[PDB]
Amino acid sequence: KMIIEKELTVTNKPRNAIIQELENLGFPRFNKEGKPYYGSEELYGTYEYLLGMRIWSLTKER
Amino acid sequence: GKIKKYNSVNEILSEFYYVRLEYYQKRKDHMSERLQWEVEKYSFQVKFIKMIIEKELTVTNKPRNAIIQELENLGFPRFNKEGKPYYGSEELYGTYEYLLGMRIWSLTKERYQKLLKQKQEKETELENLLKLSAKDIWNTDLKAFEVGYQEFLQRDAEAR
Amino acid sequence: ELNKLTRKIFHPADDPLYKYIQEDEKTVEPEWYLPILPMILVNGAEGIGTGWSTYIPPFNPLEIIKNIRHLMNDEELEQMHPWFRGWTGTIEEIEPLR
Amino acid sequence: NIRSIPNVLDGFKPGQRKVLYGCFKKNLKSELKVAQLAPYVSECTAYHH
Amino acid sequence: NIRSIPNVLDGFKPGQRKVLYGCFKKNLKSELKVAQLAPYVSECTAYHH
DNA sequence: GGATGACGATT
DNA sequence: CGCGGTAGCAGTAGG
DNA sequence: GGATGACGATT
DNA sequence: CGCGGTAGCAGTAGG
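Residue numbers (the authors' numbering), protein chains in the order written: chain F, 1031 to 1070, 1107 to 1128; chain V, 982 to 1070, 1107 to 1177; chain A, 786 to 883; chain Z, 688 to 736; chain G, 688 to 736.
Worth double-checking, as some hints may not be accurate.
A few chain V residues that face chain A, going by a derived Cβ cut-off under 7 Å, partial list only [unchecked claim]:
#, residue
1, 990
2, 991
3, 1008
4, 1158
5, 1169
No lab work stands behind these hints: they were computed from the structure. The beta carbon of each residue, even a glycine, is placed where N, CA and C say it ideally should be.
Construct the complete structure from the given sequences, taking the supplied hints into account.
Below, the structure is given as structure tokens:
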């Protein structure tokens, strides 16, 4: 949603600068199990649940 | 597959040799084709990320049909599971999965650069390959097997 | 497990080439693999079937490669003799094929 | 004849060839016991014996 | 005692339980011969017997 | 009244 | 293709 | 000079 | 743990 409304841009912007934005927007991390993290490796989880998703998701149907 | 009685060791060796040679030429050819296909794939992925960066192409929203249309109207070829392209316009015709399928990660400059590197490398491969005869490749494999075989003998003598 | 040398003999690159047998609506091993050097002369074989039988003694890989080079260069082949790994005996030819 | 006499090109009898093909399908760079590898190969190579 | 006498809760001896656990790990909705399933289970359940 | 055997997971 | 040996316990059956 | 056995993939 | 039976061919060895 934040990408559609153009409030968030991932095009370019080296992954570090993106991570920062994500954790500065309140986005929690997620490990392999599915457990979240909001504290700010398997212990802390990654943003993979959101950059990992197939570009397909970004189509209205998905 | 026709049972045959060989009258000399060298007869066997020869009848092997020839088939092998043929399949080295064949091998080189296949690797060539496959490689070209890969180069095209990479290239079009790059054209796709690039056209998205320059904002010339937008996938955000726009129901997948309308996107497909754009893609095939920009010249983008389809790709089946093997890796074979299609420009004619199911497994027979291939899909655009090689470009909407890619992880959102790709759209970060770093992934883009990695992609570029991979493309260049693929092309380099292709060029190195086309610069070799069947007997050449066969020879390389042979010497590699010479090293490996020496090591093997060492190990075998070591364990007995 | 696989010997580190196996994938050096049966090169992976040739895999796509072989014609894979279709059995039980499902794909199975190729008709034959094509090693970078005849293996049938490296290990030989023994077998009893119907009407036909077979025995082929092992040979020294190095010799085989030497002759493969010979053919690669349109050169006359050398004649080979049974050779066994780590064997410390002697072999003398008595008649061609003996 | 087919199952007992090898092919001149690789020197394999169909069993052996099924074994190796199996070892190629799986990543056999790490060992496993024979009594498992055999059934595995048999399964993924349509071995009826 | 461990390998011969079952646990009151499921009524399994460790072998049986390994078998079932194996059948759960794999999608056993389609059959396969015993001589393969046994080795499979043995492998993915650390069965040393 | 003592001996042999069934059952079952493992060598 | 198939056959055989042994442990370990509780109770039943056979002479 | 006829018989038996070795080898190997399969029942 | 482990043992045994059979086919099928070419040639060698044993009496």
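Which numbered hints are broken by the structure, listed smallest first? Every hint satisfied by this model.
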